[PDB]
Amino acid sequence: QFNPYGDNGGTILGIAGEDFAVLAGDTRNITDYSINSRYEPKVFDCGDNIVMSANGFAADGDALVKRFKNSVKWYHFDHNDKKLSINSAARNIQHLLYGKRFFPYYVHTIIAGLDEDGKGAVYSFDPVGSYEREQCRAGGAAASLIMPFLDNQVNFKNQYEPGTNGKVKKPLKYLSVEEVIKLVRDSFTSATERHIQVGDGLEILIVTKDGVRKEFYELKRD
Amino acid sequence: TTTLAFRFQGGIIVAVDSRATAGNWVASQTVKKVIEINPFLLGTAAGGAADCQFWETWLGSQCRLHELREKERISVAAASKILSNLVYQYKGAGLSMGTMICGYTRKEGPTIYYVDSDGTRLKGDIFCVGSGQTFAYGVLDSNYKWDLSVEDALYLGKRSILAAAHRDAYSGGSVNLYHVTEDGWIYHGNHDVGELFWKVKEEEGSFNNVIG
Amino acid sequence: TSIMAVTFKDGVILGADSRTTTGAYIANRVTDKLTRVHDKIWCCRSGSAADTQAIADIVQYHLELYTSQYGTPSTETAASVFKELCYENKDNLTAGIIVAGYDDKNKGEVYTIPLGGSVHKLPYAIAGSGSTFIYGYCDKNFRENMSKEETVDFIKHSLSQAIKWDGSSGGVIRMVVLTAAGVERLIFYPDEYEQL
Amino acid sequence: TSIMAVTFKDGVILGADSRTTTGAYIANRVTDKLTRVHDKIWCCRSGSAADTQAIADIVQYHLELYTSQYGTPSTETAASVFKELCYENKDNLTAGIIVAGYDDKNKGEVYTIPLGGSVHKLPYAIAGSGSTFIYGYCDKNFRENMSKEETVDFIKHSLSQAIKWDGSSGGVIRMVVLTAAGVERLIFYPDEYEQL
Amino acid sequence: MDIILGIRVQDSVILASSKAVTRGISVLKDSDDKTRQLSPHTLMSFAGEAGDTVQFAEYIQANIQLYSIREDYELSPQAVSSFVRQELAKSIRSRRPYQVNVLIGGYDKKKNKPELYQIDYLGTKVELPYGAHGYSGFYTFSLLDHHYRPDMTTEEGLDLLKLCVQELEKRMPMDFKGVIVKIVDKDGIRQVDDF
Amino acid sequence: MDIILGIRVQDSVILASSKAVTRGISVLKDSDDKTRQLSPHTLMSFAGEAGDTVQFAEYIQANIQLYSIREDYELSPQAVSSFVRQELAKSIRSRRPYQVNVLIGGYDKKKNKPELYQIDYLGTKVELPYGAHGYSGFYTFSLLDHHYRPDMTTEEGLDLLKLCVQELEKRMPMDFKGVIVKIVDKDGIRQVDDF
Amino acid sequence: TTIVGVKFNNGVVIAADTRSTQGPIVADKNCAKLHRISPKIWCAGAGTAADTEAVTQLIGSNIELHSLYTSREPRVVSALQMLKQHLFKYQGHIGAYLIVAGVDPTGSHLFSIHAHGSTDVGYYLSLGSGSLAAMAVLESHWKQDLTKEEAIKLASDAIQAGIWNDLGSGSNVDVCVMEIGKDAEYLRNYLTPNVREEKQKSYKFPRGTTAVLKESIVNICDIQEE
Amino acid sequence: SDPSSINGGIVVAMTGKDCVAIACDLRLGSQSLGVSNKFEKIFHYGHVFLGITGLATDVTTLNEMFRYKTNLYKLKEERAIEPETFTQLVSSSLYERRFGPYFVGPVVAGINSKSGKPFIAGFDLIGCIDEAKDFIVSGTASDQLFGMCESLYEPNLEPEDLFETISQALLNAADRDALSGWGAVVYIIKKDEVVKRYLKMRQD
Amino acid sequence: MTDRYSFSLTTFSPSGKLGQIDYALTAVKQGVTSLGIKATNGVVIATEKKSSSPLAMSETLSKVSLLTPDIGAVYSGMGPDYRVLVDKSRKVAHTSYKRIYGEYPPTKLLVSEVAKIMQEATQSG
Amino acid sequence: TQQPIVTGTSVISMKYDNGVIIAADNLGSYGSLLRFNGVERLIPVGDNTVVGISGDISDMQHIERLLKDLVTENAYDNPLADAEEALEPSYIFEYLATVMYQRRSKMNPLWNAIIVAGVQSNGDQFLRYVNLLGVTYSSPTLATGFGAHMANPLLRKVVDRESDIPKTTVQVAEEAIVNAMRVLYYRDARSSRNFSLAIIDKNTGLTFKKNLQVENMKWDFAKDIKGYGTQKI
Ligand SMILES: [Mg+2]
Ligand SMILES: [Mg+2]
Ligand SMILES: [Mg+2]
Ligand SMILES: [Mg+2]
Ligand SMILES: [Mg+2]
Ligand SMILES: [Mg+2]
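These protein sequence lines map, in sequence, to chains L, K, N, b, J, X, V, W, O and M. Going by the deposited numbering, the letters in the first sequence line up with residues 1 to 222, in that order. Going by the deposited numbering, the letters in the second sequence line up with residues 1 to 212, in that order. Going by the deposited numbering, the letters in the third sequence line up with residues 1 to 196, in that order. Going by the deposited numbering, the letters in the fourth sequence line up with residues 1 to 196, in that order. Going by the deposited numbering, the letters in the fifth sequence line up with residues 1 to 195, in that order. Going by the deposited numbering, the letters in the sixth sequence line up with residues 1 to 195, in that order. Going by the deposited numbering, the letters in the seventh sequence line up with residues 1 to 226, in that order. Going by the deposited numbering, the letters in the eighth sequence line up with residues 1 to 204, in that order. Going by the deposited numbering, the letters in the ninth sequence line up with residues 1 to 125, in that order. Going by the deposited numbering, the letters in the tenth sequence line up with residues 1 to 233, in that order.
Hint data in this document are derived by calculation from the structure and do not stem from the laboratory. Heads up, none of these hints are tricks.
Here are the simulated BS3-like cross-link-like pairs (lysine-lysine), alpha carbons at most 25 Å apart as the crow flies:
#1 J/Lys162 / X/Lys170
#2 V/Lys201 / L/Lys220
#3 O/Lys116 / W/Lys74
Here are some of the chain X residues that sit facing chain K, going by a computed Cβ distance under 8 Å:
#4 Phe138
#5 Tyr139
#6 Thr140
#7 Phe141
#8 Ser142
#9 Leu143
#10 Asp145
#11 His146
#12 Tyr148
#13 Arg149
#14 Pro150
#15 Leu163
#16 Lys170
#17 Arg171
Even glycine gets a Cβ: it sits at the ideal position worked out from N, Cα and C.
Can you build the whole structure from these sequences, using the hints too?
Below you can see the structure in the form of structure tokens.
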């Protein structure tokens, strides 16, 4: 029997800062126990200061990203070159995904950028279009390895202030872009050590009011 | 998931948990299971998360078109029936939905409709839906009265989600409270279950089985 | 079924057994599996009898209508029409057809069209359940530019062995010779080919 | 797998390819499928490698213990021991074995034991997945009382064709010659037999 | 849903229908009215698959109400039952059939006779003195066979109905949360609020 | 069978067990006692597959009674519960496992303490202040979590038990025909004949 | 898993990677896959990890008793015969896939063994999920009359091919060299090409960060005197 | 249906400087239903500590079995069993049930009384030994624990620092697993003193 | 056939003596002298290789036997009985210990296992 | 949904300093039967692109006709059809990738794995993969089927990352490809000795080599191998 779906592995990570946002993802592409490519870009600049990644089955991932980029283009044509806000992009992606409710895009989609107040924004989608604005979201193969670490190190979960003994929580102080990138790199370095589908390279897209910037880092190739 | 809604003297209380799971894996603790259809109507989300989100947002669009055409607030009956008739067309296709459509109008008063992906549409006073529904029902049934105050009713809904959050493995994270009045719904905050549990344990003297 | 088509100096010869089975019962022991789609374009049929008859009839119709408009079709054109039907309807067909024809310009040509609906032009082709047993023999004994008598002997000996080992094959060995001279039918009975 | 055993004037020769596959992966391209159960009683193995090795080892044990008590066993006796194991354990075995041996009294003998566990004494035998393609060739080309050189050529040409068509067969062609003179091993490489 | 009963007495038809609505593990409601008024002197009770039951009942209701307005005339119970049967008979060979069983209790104002029709989801219609759907008949029919008389009063019919419900409450594993009882006669349709 | 509940209060253990026995379509009995006295101060209630339940319960009873005679001594509730767990743990990897879930309510005369043990058919033992098997806990645990106190009297325990049963009777689809309640304390085992 | 065996002039060498996995998760990043059957008979295992270790210890145990009984050093063919007859009896339910190599008074030997009980002879062999990557290297560079140094190089290069290209294989290369008339030399972590880079941050917590309910001393000591 | 995830729960063990730590959650459930918040999964035989995740009946059975076996060991050997030896005993005992196994994920932790060397080990349900230097993880949130441990762990941590690392590894992993939590226990083990600490965590 | 001797061949005499054990000890007394001495950093065991014939190769007859890498044994009495005891001692060191604990047994416990085998031949049928 | 009938095995390829190399054997298998020995599975499009196809041969012939039709269509009303508006490798690939994904989305796939090798207008190397699922990826080395498991490891030893491409000559690249084809012949049961090789260079253009054979094979060591364990003779 023909199976229209496949698993291309990969792991992605979106983190919303105070006035910035990052969307990171490894560059390894796989089937079963083979590596297809050590560098196959997975996180994309879609214009209007929005970055996107659709992780899972790469054919559906590419199809969705392609259709969303197309939606941005036609939004400009139809509405006098108006900028597509991150919240409007998110709702649009829901309809793209739910459009194939009974033959879904087999991906876990994440977008990142800035909201209309200039604050950092990340949106997270399931395969059929249920979505939500989030501060922190890992997706893909090593998501279960990364999210608990982020709960602890970003949101300071289960951490209390010494001396009080469980009475006073550790305060939720804002993280800089340099601080977030450290947590992203350590998340992927750890994920590379313990997950076989994660490795080769890490590509991070940083979104600020100035625009979209890229950073690349080597990962272990075994 | 645990979602409830009940009618009382002061209108409707809506209360839900915040947990989303994929098998044993906790996907999220900050999930919104109350869809704000419009400033007067609320819907709860159980079963399929996308199905509930998509079609109850769509319901809001239909409700908006109704009051533009008819120059009058849509009834809870009519709003709920638009959704139930829609999902009934899809019956068999595999939609997964268990929701309470909640509202407070002049002609009806406070009204709750349980709407189902099997096409079921039930008017009622108390409803509980989700994997932790049985736990919430117990607290509700034993403590419910029509003449509850808005303060006590809000607490009852909060305490009932806490009961389910504790026992049901697939419920937890936080509690979202809403109070529906004739002039519209009023949000009553997000309450972390972790902090709420210890607070309730001490103040109420409940959960003696648990060591704190 | 055991079928084959072999090109030679003067043209091409099609060969076939005559056994058609329903399980282990021989439903027809004198079947004609060499079928005519045009004057000098014939085919050998294997697989579903219903399917291959239906296909052959449609092809014959197409080549008849082709001839009315554009004159005599090439063997390649006939093979293309067969392929189009077999390929586009691959999900609902079980047909293995060898197409053989004689032009004056191109001379003898053989095209084989297996289950998938692909086309393969060959000097000779073998097909059907009985063909499995003669891949070795045919590969060792085939030569290009054989005479008519040599090609008849090659086909006769080949199908004799296919019939000997394959229970689904048997009966008489039918052959059709396609040359400039015309169309000649040949038949060979068990008492002749079994003693080879 | 492509295996065969052929009796001739001076005795018998066993022949085999060297390919062992796990699906489409060639797990071993230099396998020795000609195995010794006694000094001048060998066998060709096809089917489950685990099963045929286990069977051959048990037979070798039985013939060794036979020899200690009753002297040299006949080829028929070896075939009987193979049969007993294959027949009685037919539900749990996938083994197709050809037994070949040389007595001075009986000379060259060949016994084939297919899946069911039956025994068939033959002038020559072919087996394995690749044998299907050479039933025609072998039947046409086999003669009784051939010379050593003729029998080597017959086996070489036969297995060459089996290898050519069967993807499960390949590598080198191994042979073992059993005569009064003794036991001679032969090997033939791709560059030799592919050009035949 | 679960239990629906019907009994035709001298001058009326009585329909008893359970109040429970169960969604698998929990009883979501204990006051559900499994009936629709098709016309002033025609009542239909129903039981079957969730959603389909109410969708079908309301669809029939709308069609009979449409007929009533167009002709300014109430269709006879027989005519209504034949219409309903055809819809179900049409439904059974559809892409997705209505999984609904119904009882139609009506008073024919022309003939001055009560009439009870039993129709299952296949479109199997029968006119009966008393009827049921599902397992309800297995428990109740032996009591109805014994006690029933065609000249019973409405009060006697209700007493025999109580005995049937008591037997159901004793031997049925499911708690159907009692029944809503309605009477159909020459004066129309009314509900017995204490049962 | 269906519902079995247990609650350990200050000075006693209370076991509540349903009275219904249903064989598919019909309720064959509405007064069944789903319990066996293992020793003077140890009671075991049980629920699971038909036949296996009583066979297992009586087998355990016989073994504990045998021990009582041999040693002229009553085993502690803990010791009895460990014996029972092992039998079930042995059973789960057998040719045909006992499909039986049990609650063991006992009063330890040495420690002067009530003790409630919950053991499922796999041999999963837990000591609890209150416990249940099957779906019973889903309905009742939220009430028990709220109201339970370790210093409750027997009378207060019975009141909290009534509230649990009322919630079951409201929201459970099955009619379990009420419960038989038994109290285990320092004076032994007695049945509350009015509940 | 990637495991290889390579024959050379005066002996045989085996090698293996050091990654053991549970599905897609790496359980141990430095697993020891080279097992000892006897002092000079070593094997590497792939498939069900418990079965490979269990079957080598059992045969290794019986081999030792056999060596003591016969007053002779153990032979590779004996390990081979005992392994295959055990595995065959269990009809592949013991999922042990082994490359067995060693030296004995008969000479140097190299065999592979599959779970159903079939065995093979060869000058170069590979097993496991990275066997195709490794075999590609072996088929490209193997020749007759390899030296000890060439065989170690070839073997470790074949494991590397698995490490980099097979997701089931990774971390380090273990090697064992068994030469005739010599002690077998086990070279644990012969190559270490996959050391983790220093992290960007230290995650050492301040003391008292975790909330605690109760503390107590656990009595690990026995019942005391007096 | 899957026996290893009916009851839920987790165990984690870590090595430090002249010390080991082993920790577990306290949950026992029947799939979605929480049944007990006092189900401890760590046991000890002399100075050797054993954590066991998986099917709860087997957790109980194996504890009783290893108590049985280490008691006889002690009577015959006239000394307490060591972690290295006990690890082999656990492996042997699991593998003897090769074709009818206990559905568990055991974790051994302790310090060798003679050498003073910290030791940890893990096993699959069938007896395969994972002898890691750094840490061992087991249970329904093992993926989460692998992620936490891999990032949080550093070698040669002092006992009171190791406590914080293992505690935070367990807690945050359990909070991302539906079938883990409901309390937690951490053992800090030194050559001749062991401290047991119950952690405060969310009860949902 | 069948071993129909299912009863003890060693039994208590009226004086409380177990005859067959005493007679076995008498056979040991006739046997060649062997000895053992324990030092602080080692143990030594020794015996005479009483060659039955000068044509016999006494190197092939090992009176001193390795049981485990750290345990050795020597005897006095009947050689064939010793040889089989060494075989059983070697095997029991694996079956009842090494295959369980992954290490060789301590001297006292291996001795205990050997002692058990000898006890059983004193009571079994 | 179908099943493949007549099939082609591995296609292998790699980038080098001035262009790309692609190779594939000339076999059309019919299950385990090595049915057709003269099948060309490298199909050139213009003078700048070679499409290598594995999998179902009937679908390959269909794709071959689509590409032939694409060249015809591009020439229509196009004065620069043999210059600025000629077909690029990137155009040809994107077209195929669209078709493959559309066909998988209708649950009626072209049962193939395709590698499009070529050189762009600006001299850039083009090498990208697409298959029956519409999955696409690019890498310095690409291979289908068995080639992915055995060829890639060998080819990656020459070009392990992007920075190795300018260091790799056409002679070294071709040598690695030819060796990989030999390895596949040793180890793939559905391969043949005969193969085709295509080089697309930005300077010397398209060089298409037919009727190549695997040579320099090692088999002599087989004579020494006897039995399966204990057998000596
Ligand atoms: Mg790797
Ligand atoms: Mg609608
Ligand atoms: Mg047909
Ligand atoms: Mg025939
Ligand atoms: Mg009916
Ligand atoms: Mg919870």
